Structure formats: structure tokens, C-alpha cells
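Read off the chains here:
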Amino acid sequence: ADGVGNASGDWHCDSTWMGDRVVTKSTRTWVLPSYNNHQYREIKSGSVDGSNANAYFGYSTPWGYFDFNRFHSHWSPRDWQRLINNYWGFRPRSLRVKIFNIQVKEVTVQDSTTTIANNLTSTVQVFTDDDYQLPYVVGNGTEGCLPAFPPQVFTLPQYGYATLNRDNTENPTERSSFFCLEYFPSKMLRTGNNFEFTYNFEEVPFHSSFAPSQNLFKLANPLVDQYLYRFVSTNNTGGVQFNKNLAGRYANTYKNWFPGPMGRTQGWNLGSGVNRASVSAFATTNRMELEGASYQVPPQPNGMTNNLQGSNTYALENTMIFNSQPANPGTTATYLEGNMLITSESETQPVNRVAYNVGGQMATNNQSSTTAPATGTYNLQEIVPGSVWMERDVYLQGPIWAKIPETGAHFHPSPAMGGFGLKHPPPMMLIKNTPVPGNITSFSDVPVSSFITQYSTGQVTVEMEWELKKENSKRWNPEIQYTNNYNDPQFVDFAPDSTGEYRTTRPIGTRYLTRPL
Amino acid sequence: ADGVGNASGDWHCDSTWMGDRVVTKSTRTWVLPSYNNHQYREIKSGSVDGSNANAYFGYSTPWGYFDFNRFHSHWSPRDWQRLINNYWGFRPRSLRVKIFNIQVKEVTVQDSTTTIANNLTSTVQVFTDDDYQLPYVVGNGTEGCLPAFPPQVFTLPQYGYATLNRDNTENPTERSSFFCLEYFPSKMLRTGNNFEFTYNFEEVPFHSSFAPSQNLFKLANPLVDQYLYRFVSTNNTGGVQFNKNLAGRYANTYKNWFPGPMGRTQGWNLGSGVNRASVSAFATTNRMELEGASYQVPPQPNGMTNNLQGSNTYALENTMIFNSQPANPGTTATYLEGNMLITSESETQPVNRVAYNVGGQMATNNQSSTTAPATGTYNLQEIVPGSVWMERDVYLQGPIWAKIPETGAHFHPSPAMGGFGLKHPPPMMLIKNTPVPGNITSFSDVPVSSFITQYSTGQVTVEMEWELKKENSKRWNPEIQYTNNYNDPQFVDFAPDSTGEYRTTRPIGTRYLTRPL
Amino acid sequence: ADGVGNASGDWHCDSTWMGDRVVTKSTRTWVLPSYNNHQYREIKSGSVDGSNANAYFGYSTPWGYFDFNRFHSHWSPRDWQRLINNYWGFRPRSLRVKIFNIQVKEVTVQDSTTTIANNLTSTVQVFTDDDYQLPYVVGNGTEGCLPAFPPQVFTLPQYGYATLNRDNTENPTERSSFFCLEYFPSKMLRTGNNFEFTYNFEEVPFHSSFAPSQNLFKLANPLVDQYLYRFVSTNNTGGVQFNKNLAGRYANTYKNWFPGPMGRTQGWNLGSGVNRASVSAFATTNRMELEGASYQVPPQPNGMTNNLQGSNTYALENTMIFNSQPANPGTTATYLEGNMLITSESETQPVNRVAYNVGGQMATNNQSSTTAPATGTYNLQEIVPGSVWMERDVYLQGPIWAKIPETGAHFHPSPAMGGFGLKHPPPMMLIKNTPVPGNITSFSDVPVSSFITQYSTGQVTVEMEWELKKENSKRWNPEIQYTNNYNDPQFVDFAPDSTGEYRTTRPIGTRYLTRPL
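Heads up: the protein sequence lines correspond to chains L, B and C, in order.
Just add 207 to wherever you are in the first sequence, counting from 1, and you've got the entry's author numbering.
Just add 207 to wherever you are in the second sequence, counting from 1, and you've got the entry's author numbering.
Just add 207 to wherever you are in the third sequence, counting from 1, and you've got the entry's author numbering.
Bear in mind the hints are in silico, worked out from the structure with no lab data behind them.
Treat the hints with care, since some could be wrong.
Which copy? The list can't say, so a pair holds if one copy fits it or any two copies do.
Stated by the list, open to error - Computed list of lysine-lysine pairs in PhoX-like fashion (alpha-carbon distance at most 20 Å, straight line):
(1) 451 x 462
(2) 630 x 462
(3) 681 x 232
(4) 232 x 305
(5) 630 x 251
(6) 681 x 394
(7) 610 x 451
(8) 451 x 425
(9) 462 x 425
(10) 305 x 394
(11) 312 x 232
(12) 610 x 630
Next comes chain L alone, as it looks inside the complex:
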């Protein structure tokens, strides 16, 4: 055990469905560049694109990190289908990760030959941050996760963070903090060594994957009248007149429950919708301010629906928008509807309010004999006693969890992009190549800047356990399922191309089952 000619792990990719629970095992091959040539660099930006919200001050590190936080890392398209068609809900239970079969490669360039050899004595460093003392960059929707497709090899992303900057500039504050990652204890691994970590998720609610089977305002019996009466009109000398609420008249009935909060965001017509020409669209987006700068919040808060059933109007600032294929870093190219995976929340429309319409109206004045009653519409409304809504749906291409910010207070900690809000998420796993100095023939007080250039590769297996919520329903007629349906397919979706490129043409969400309110 533990030698250069002995493998330190095996390939595990499987999914075991047992009763309620399911365990998903996933193995990938990674490669780790040596970033910043073993340096910590201070990174910063001023206002770019004419927005001082793009200014920041921070640090980039030599370290890379493992990111497990998208669903397609863990789940197959066929196992995701088996989940969403058969179950009302799921939540994560446990996690364990293993890093094995480490091999370090030294690369040397003489007159552009660039030969590569392996250094058997070189080391890699790995630590997990269990106390959450570092900036947690994982849940923020950024690339670098394990691939969706198991044979694909991936580079680990470089670790970095932004601290406080002052006055919306690139300059630091006195509260700007520097975190050194070598001031943690870490484990040093040669070829025969491996690393293992285990984690238990805290108790969270099930993600509810079902759609409401009736309307929030239609909950009353259509056959029977209400014993309740409504103010209707007023007569020639105004006294107040009342009518009884009748049967299936749902405009007029009394309500116990009210929809979730809403802001109003601009709707845009996809497909054959006409829209408007030559809009720059940045000035008219919804925004919030912090510290004197104005930020776009491209996901909105929960409690709205971006699309209304089979309409082509979308809010686009209430939407999660994906690309059908991965892109190069820093691409400024413009894309169109056909390139994009544009999700729809319309299965929540019974309980949620559409984002591109007003939320209602209220009285704007006091009536008199002289003045008539008046109303006006409101474009935004917030949490109210007796509100019910549905959370953002989760997709096979989307994030699993987020970390709740550490502050005095918060309300209903559900992430806007989706998934499970976690006070103590799965910890970050950080990894770097240990530096090997070059030829140094003399003593100097200044640190060693000349290093052998190296990279390392290996495998990482992740094993998650999921608790499932059975579907128990008395619905007689058949339901909507996620099916594989294509008219005149020229390729099969979720399979490699003739080149070897893996194709995913559409988003897959969780809510196909239907349940009564």
C-alpha cells in the first residue's frame, strides 16, 4: 500500500436507489495548474463599463479548489428523470470526498522543445476549511465545477476573493483583510498518498418538486355560497349596500391566504414576439444600492413567476439563463435565443405572481360626498402575514446549495438562484502544488523567485446521500412526465457529438408532479 506502483483508489460512478434514499457516486479526473507562479497577488479594479459597482479590491492565490455544487456533477440525465417523475421532494444528507492517484509532472522548455516528465518526489497540499474562516466563494454561480459528463477532464479554478474597497474605488479600507492559506494546517500528498473527507448536512426542508394542482384564490367550493357578504354599491343618498358571495365567483370571495412578494421587472417577448428595437437595457434593469453604488440583481427574490404558461413573454431578469455549451473565459460575444437554455417558472403560476405585471391596487384617497373613491396600482409588495409562495426551482444544470451570510439577522434563507441555504455548507477543499526551487547557488535574503514549473493531476470521487419524499396521490388521471421527445432528431440529446462534444439542448427542472393546495 502507498507506493509509486500501487493505485490509491478506484473509479466509482454509480447510483443506488434504496427505498427512500439514493446514493450517487461520481469520479472525475482533474488537472491543477500552478497559479501566479507560487505568488499571492493583490488584484483590484476601478469602475469599468461605466459602473463603479464593478470596482473591487482583493487577492488571488496559488491555490485551486474543488467545486461540487452543480446537480449534473452528481446526477445522470436518466437518474434525474427517475427522480423528478417519481418523487415529491429531496434533500441532501451526507457527503464524502476522496482525492487519489496523484501524479505531478515537471515541464521544461529548451529552444521550444517543451518536454514533460513526472517528478515522483513532488508533493501536493490539500486542506478542507471546516470552521468557515475563509471567504466562501462556492455558492455564487461561477464556473469550474466537476463536468456533467464523466470522461471529461477539468482544470481546477483559481482561488481568489474580494475584500472591502473604499468609496467605490480600487483602494482598500482599514477593514480590508488578508487571508493566508498556508496559515492553515494542510495534508501533503505524494504519489502513493490519498485524502479523504466526510461531511453531514444539517437539517433542511425538502426541495418541494411538484406543481400546485389548483389556484390560491380558487380554493373555495364552487358549489356552495359563502355565509359572508361584500360591500357592493351605495344608493342615491349614499347608504352602504351588500350582496352575498355566490358559489363559484372567485373574484368576490373572501381569502385566507395571499400570494408571495413581488417586484416588477420588464417582460420581453421570446420567439415570434415583436419586442422593441435597439434597447441597451442596462439603464432600465431593476437595481439595489449598497455603499453608494447601484447593482443589477439578475435573479430576483423568490415569490414570482417569470413566464406565464404558454406565452412567449419572459421577464429575463427573473430567469436563470444557461448556455447549451461551455464557453471560453472572458468571451464578449453576443448570443441569441437559440444558443440559450432559458428556464420557465410557469408551473408556479397558481401560487406566484407574474413579474412583468402590476401586483394589485389600493385606495389612494378618502372619499366624501364631493370626491369619489380612487385607487392606484403598485409595482412592488413585500412579505405580508399569511403569504404563501414557491421557491425557485432547481435544474440539472444549476447550483445545489448556498451559504447563508454570517450577520446578525436574516429572513427565510432560501437562495435566489436555487437550492438549499446552509449555515454550514460543505467545506471548501483547497489544493496547490508545493513549490520546487530552481538552481540557487548563493545565499540571499530576498525570497526564492525561480521555480521548477509543474502541474499535477489525479482523480476525485464524491459520494452524496439523498433523502427522498415519496409521492402519495389520489389523482385518477395520468400526470405530466419528463419524456425524451424530439421531432426529427439529427442527434440524441445528452450524448456526445460526432466530434465528441457533449450536447445538452434543454433545461430539466424538478416540478412535473402535481399536488392540490
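Starting from the known structure of chain L, fit chains B and C onto it as the hints suggest.
Leaving out everything else, chains B and C in the frame of chain L:
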């Protein structure tokens, strides 16, 4: 036991007050029509009264149901008085129901004789829905409950529900679901058989029946000044000037706590108030939208008061409005103030904001040497950190509980109409007459459409246990009680008329006791 | 227990999914006419419609019978979907039936009043035939089964059978046998009595519900050549020349396995296909002869596919054709494509041969220097060593089982219409009303022909246990599911109409999952 000549239950109507707890027993006689002639009919509506919110798609069933959900079903007017005068709070604990003394009657019409006989071999079917797999129609404020007055006989209401319709029309969606009620296991009862069910309420907060004994903003000591200072003015070269907050000046004092949320709804003058002539009042009501339709929400959310103490101005869309007597189904008649039982929340005015006034004002600009400070009022405000309000009061004529809709998320699940929000309420009890075919002399593949016409009757006893919260108070002077007080009574209220009609002339709420904030 | 005022059973309709197994419980209400006025009548026919195959000799009996043999009797449309989307196979395990809540009704007609009363002393007779000594009429695809929809009431069909007739006429043979059903012991039931029976299915293979994921002739690796060589041509002085079999050339490769048997039946174009005008189609159907008469065999034997994928050509004599709604007995009306539920076997096309094409070709001569090689096609081929095929698919509207005829010998006892061939099927349950004589004031030697006219009704519960075969598959991409998908629905399918009529618009088969050969 269990025969045609042996009674399967006894009449229990009692209330036993023991220490904290009280058990209320209630027995009634019911009659069950055979609805839809043993058919399931698809019911639907388009926009009626010029509102597409009145459109629906649904189903009506042969089944009837038992509805226990109004307070006067369980409580006497004298036991309700004993409760509200002596106690700070109450909540339900357990429930048990029994259905006994079943008798089925066959009715036959030859040349308009319409004779009635009893069918000793006929059956009735009863099931309780313990898993909440059906649409729950009970808590929605619709008629058909056990009578307030024990000798009265009542028909069971027909069970029905609305599912999804599309595009605000009468047409179904793909997610429109059909629920068959014969796909449940049920218990079949002949004459000697009876049915029994027991239920335990989940832990809920006490309904707080008391009124606040002081003002939310007046909580400070009037004798002593605050050590806190306020911005007062600015001088000829504007520097900021401050004064000390003095003693009993409550406009200027610092506050820890803030009132509950509010929308603004139109106030209308009852009694001698002048109002305004010939208002249609539908266009100017407060509304919300779902799915592209606009609904009236005739109860508003909690945290407001409809009436302000002894004023005659009422919001009428913040009010629960009752009739002094039951009405025929589908009555379009117009009613006036004298016919109506119009409740007042004014006992909550210290902590709650009046619905027909603005909620406050805030700064609308940035001052400068050139521009002066400006404000504007707001007509709506929502939940805020450090808010305190009181929930809708419960009445002897009103609902006991509601079911919290099954969705990902909700906030403060208190029903707008009143009572206790319950994730798992008392289950629905559904009952139908089993069909008896007529004379069929041949075989056919089509189902049997010819049936003996029948109805059944019986008794139902309901027994609830209530936990009480004792009144512990150091108030020296006497309090306000609910008393029986009428000037020149021509009849006694809450007693039968000379015809036998039971009269209830006024609403009775729970908050007569007073308690300091 | 066991009295006129005590119910002898309860309503059970449920489905319990536990691991592999599932138990489906089903309760219905039946009505039993008194058939033939308590007589055994000899029934017979000569050649009708110009076919002596329509001639028969037989007997009709006073008895009715219970028929459990269609899938929709046991299964819901939502439980059928849950089955076919998630599982590779199923077979029945046990069965138990209960007949309870019997009530007999006497009907009397004076001057067309036709009053109905119940006779509490009357009896009904029930026996089960465990030894299979009667003609077994159940598995033959005839109407009278428990309804698909639980609230529907159904008449029991009259029991009858055909025996030997001679020379294709209506006259009996010497081997024509008469079976009296009173010569069995049976159980006599009054109002308080009930009947119960239990049965265990014999070991049968799972119905395989999956589709083949590749082609029978394409099983070879497309990347590698065969070490086997083929006769290709012959040169100017004919010697034999050979080529190697290359890679993905599947016309030329060697085969281990061969398709199932086929006959050739005429294809007809549904939908927009042009077809041919004014065909009487009876003369050109496929037939077999027995005893000098010629019969249509509207299902063919197994091993063919009626439709070829997305073509509109159907064999129509290889198809199971259903009506969307039940029909009156003896209807001669003509129907069109839109009224019909026309099943497609096309999911079996990889392994099965299309019915409307030739099956292949073989050598018709011996070559010489003078004569060239010749072939000809064949329209029919039978079982061959090394044949593989798939059995007829089962539908929610189709039969569950059939009885294997009792004879010396049989081959591969799979029913042509579908389901499970059973040597000992679930026994027949026969039921009649016991006769009550009218007023007889004298003695006579001739039997009593005057009877009180009566009918009976009651409930019947059936409980089946099913063994399931889990789906274990490494397919990466999503599969085809049965989904509820309709463009512009005016009603929901598998739900009652506005009249109460239950609508089923399409057939639902079992093979949506895919599995490699």
C-alpha cells in the same frame, strides 16, 4: 347490538368546564340528498359579471360532507360569554366525531303521489381523508356547517372543487387533475352500523383574547425624560441643532417597536355618515393578480383595524360581514346596514393601524442649500424587523381553523378570516348514498343510469377539547364584559322567534379583557 | 353480524406499492337480471352473413358471471403510468374476491305502475368452478367486465356456451354435451350473507415491458470486421470468389439469431393515406379452416409488428382495435378512424417483422452453366431454430389472461390477444337469482312456470397481488415516458364528461422503457 330496532348512539350536547380545559359536546340531525343522480359532472365557468377571475374548471361529486368549522356549532351563546369574559386565550386540543342512527328512505312518484318508505338493506358510505390527498374545501368560509341551534336539521353540502383552467377561460390545462372519491377505502353502513373518528390537534399558539391596555408608542414613562436627543432645527448657517426628549411627549420619543403592516382600503360611513351617492364600488376595491386575472381580497391581511373606536367610518373591505339570518342559495338581493352583522376590530387600535388612513411618510429627496427637505405619504407598508400587531379576532359566527396551503414556503400562517392555521387540519368527512339500480331486464355494456331515488338521515355528534389560558391581572378597577343589554326588547336575542326562527342580532367577539403591553 | 341491518363488507379501492410487489384493490356495484325467466334454452344458428363459420349449437343459462379480466378493472390510469414508466415487467401472484351487501328486489306491474320492493327472504346462489369442468368463456375478449371507472354500475353478463354442431349447421352432434349448473354445489346467500374466494396464480414469466434498444441484425460491433468470409461472385470461368465481411456492413454479416414467424396480412393507410375505394375486405382477409369452414383470425399469431414506426400504414388484422366508449349490444353501425383506439406494436420492430411486407426470399432452382440462379419471396414463415420475437403488448383496455385449451399438445402458450396463458386460470364465478314461484293453487306434474320477477344487486371487491421486475439500466440519456400531453384540451382525458360520461381517448401500452438486446 347493531340491529334495525337498536339505537346505535345517544344524544350528547353538554359543556364540561374543568380547571383550564373545557370539553364541548354537540349533536345534530342531518339529511343527505343523492347529488348528481350518482354521477360525476365536470363543471366550468367563463368570465361572468365581466371578470375573468370568475372563470373556473372543476368537478362536482355525488358526495356530501360534514363541516364543523364555525364556532357556534360547538359553543352556546352563554358558554361563549363565560369563555370570553373570563379567559385570556384558548386553543383546540382533540376532536372526535361519531355518525350514528342511519336511516335510508326511498321515495317513489306515481302520478304525483310521492310516497316515502324506508329501505332497510340500503347502505351509506363514509370515509375520512387522513392524508390530505383531496382538495380541502372546508376552511374557505362557505355555508353548510352544523347549525348554531341544536334542534335545527341541516342538509349536507355537495362536495366539489376547482382545478387549473387555462388563459382565464373555462378550459382545462394538462395539469388539471381529477380525483375519484371511490378510489379511497370507505366504510359502508346500514341501519345498525355507526362510524367513529378521533383526531388530535397539532401544537398551535393560543388565540389571544384580550385587548391592549396601552398604546404601542406611549410605552415610555410620562414622568421621566429620555437620555436621548433629537434633531430639531438648523440655524441661519445651517448647523444641526438638538433638543432633549422630555417626559410625556410621545410624538418625539424613541421607539423600540413598530406597528404591523398595512394596505390602504376605502373607508365608508355607516349609520348617519353621508358617504357618496351611486358608487358601483367594484372598480375601486383593493385587488391582487394571479395568472393575468384580478381578484378582490375582501379580507385584507392581518395588522390593521377596520373601525376607529366610536367613529362610524368602516373600511368594509377589512371587515367580516355576516347576515343576521341564513339565506337561500343564489340570492342576488341587495341588503342594508340593518340586515347585517358588521364586526369591528377597534379593540386592536392601540397596536394596529387604521385601514382607511395613510401609514406614514418618508423623505422623498436629498436636501441641499438650494433645495428644502421633502416628504411624501405611503399607502402601503409590509413586514419590518421589530413589528408587532394583533391577529383577526374570532367570532361566535366565524370559522375556527384554516389549512395552510402546501407549497415550499409561507410566512406567519395566520388565516385572514380568522382562527388557527393548521398544516394538518381536522380531516374531511365525506359521505354518499350507495346507488341502488332500478329494474334492469337485459345486459348492456353501457353503465346503469336508472336508480332508485333515495336519501338518508341520521345524527352526528362532535366532541372538542379546548385548552384555556387563565386571566391573571392586577387591574384594580372593573373591566368590560359582554353583557346582555337591550333597550325595550321586543324579543330575546339568541332565542327562537314566535314562528320558531332563531334570532342572532349582533356579533360576539373574543376581546373584552384588557392587558398591558 | 349477518343481519338485514348490518353491512357485510366495506368499500376497498386502493393500490399499495411495496418494494417489488403492488396490491390493487377494486370494489364495484353490480346488478343481476334474472335471465331466461329461470330456464335453460337451447340456442343455435345457421350460416349468417353468408358464412357457415357463424353456425353454432349451444345453450344459454339463467346464470350470470363476474369477469375480472381487463386491466382497467384493477388499475388506475395514474397507477398504470407509474407501472409502465418505472418497471421492466410484471406478473400476477394471488387473487381474492368477495361478494357482499346482497339485496334482492321484487318488481310488480299492475296497469303499468311497475312498483319495486325488496324481498328480504330471497336468496342468491354463487359457486366458483375450481376444477374447470365447465366451458371457460372468460378469456375470449367479450364484454361484461368490471368497469374502468369505480362509480359505474354494471350488469353481469349471461352465461352461455357453444358445443359441437355437425356439418357446419345448427344441428347437434352425438358429442354435443349439456352442462347443468345446478349440478354443482353452490352457496346460497341472503341479505346478511357474503361470499369469499382466494386463488394463487401458477408460475408464469413476467410480461416484458421494455423496448429493444438495438436491431436483431445489427448486434455486431461496427468497429471491427468479421473473421468470416462470404461468397461474392464467380468469374469468367466460374470459380467461386469470396470477400471479407467488413465492420459495420450489416447486410452481409453472419447472424446467430433470426426473427420470429410471420404471415402476410394486408396493410391499410390510416389518416392521410390514400388506400383504395369500395373494398368489401372480407374475401381478402387471412383465414384458417376447421371442419370445412373458413374463419377470420383477426389477431394474428405473435412475432410480427402491425405498424412500422411513424408510417401511417397499418395491417388492421394484426391490430387490437378498441372503441373510445362502450356501445349498445348488437350495433351494426359503421365507425371511422376517429372513433377508434388503434394500437401500434411498432416498438417491437427491431426484433419483429412487419406484417404487410414479404418475409424474405430463397433459392427456387439449381444453377448450371446454362441456367442462372433464381429466387422468390415467401409470404409466410413459421418457427425456426434460433428464433427470437416479442409477445403482443398489453394495454390498460385489454385482457389480462387466457386459458390454454385442454388437449394433448401445444406450443408456446402465449395468447394472441395478449396477457398470460394459464393452464389453470382464475376460476369462473357464476351467480343466479333463486326462483320464487308465483301463486300455485293446485298440484301439477309439469314444472312451475310462473315466478315472481326479481333482480339482485350488491358489491364485489377484487384484490390482486402483482410481482414487479425492477428497471436496472446504465443508459445515460433520458428515456421515453408515458406523459399526459394534449394540445388545446377541451376536456381532460380519463375523467368524466360534463354529462358524467367517462372519456378515454387513447390506448396505453406497457413498453416505454428501452433495453439492449
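These are the hints, each one checked on the structure:
1. For the homomeric pair residue 451 and residue 462, the shortest alpha-carbon distance inside one copy (15 Å) is at most 20 Å, but the shortest distance between copies (43 Å) is not.
2. For a Cα distance limit of 20 Å, the shortest separation of residue 630 from residue 462 across copies, 17 Å, qualifies, whereas the shortest one inside one copy, 35 Å, does not.
3. Within a single copy, residue 681 and residue 232 get their C-alpha atoms only as close as 34 Å, which misses the 20 Å cut-off; across copies the closest is 14 Å, which meets it.
4. In this assembly of identical chains, residue 232 and residue 305 lie within 20 Å of each other by CA distance solely inside one copy; the values are 11 Å within and 27 Å between copies.
5. For the identical chains of this complex, residue 630 and residue 251 are neighbours neither inside a copy (29 Å) nor across copies (48 Å), given an alpha-carbon limit of 20 Å.
6. Proximity of residue 681 to residue 394 under the C-alpha cut-off of 20 Å is restricted to the inter-copy arrangement: shortest distance 18 Å between copies versus 54 Å within a copy.
7. In this homomeric assembly, residue 610 and residue 451 never come within 20 Å of each other (Cα to Cα): the closest approach is 51 Å inside a single copy and 24 Å across copies.
8. Taking the shortest alpha-carbon separations for residue 451 and residue 425, only the intra-copy value of 17 Å comes in at or below 20 Å, while the best inter-copy value is 41 Å.
9. Proximity of residue 462 to residue 425 under the C-alpha cut-off of 20 Å is restricted to the intra-copy arrangement: shortest distance 9 Å within a copy versus 34 Å between copies.
10. Both within a single protomer and between protomers do residue 305 and residue 394 lie at most 20 Å apart by alpha-carbon distance, with minima of 13 Å and 15 Å respectively.
11. In the homo-oligomer, the alpha carbons of residue 312 and residue 232 never lie at most 20 Å apart, since the shortest distance is 28 Å inside one protomer and 30 Å across protomers.
12. When the C-alpha separation of residue 610 and residue 630 is checked against a cutoff of 20 Å, the pair qualifies only within one copy, where the shortest distance is 6 Å, while the shortest distance between copies is 28 Å.
Hints 5, 7, 11 from the earlier list are contradicted by this structure; the remaining hints agree with it.
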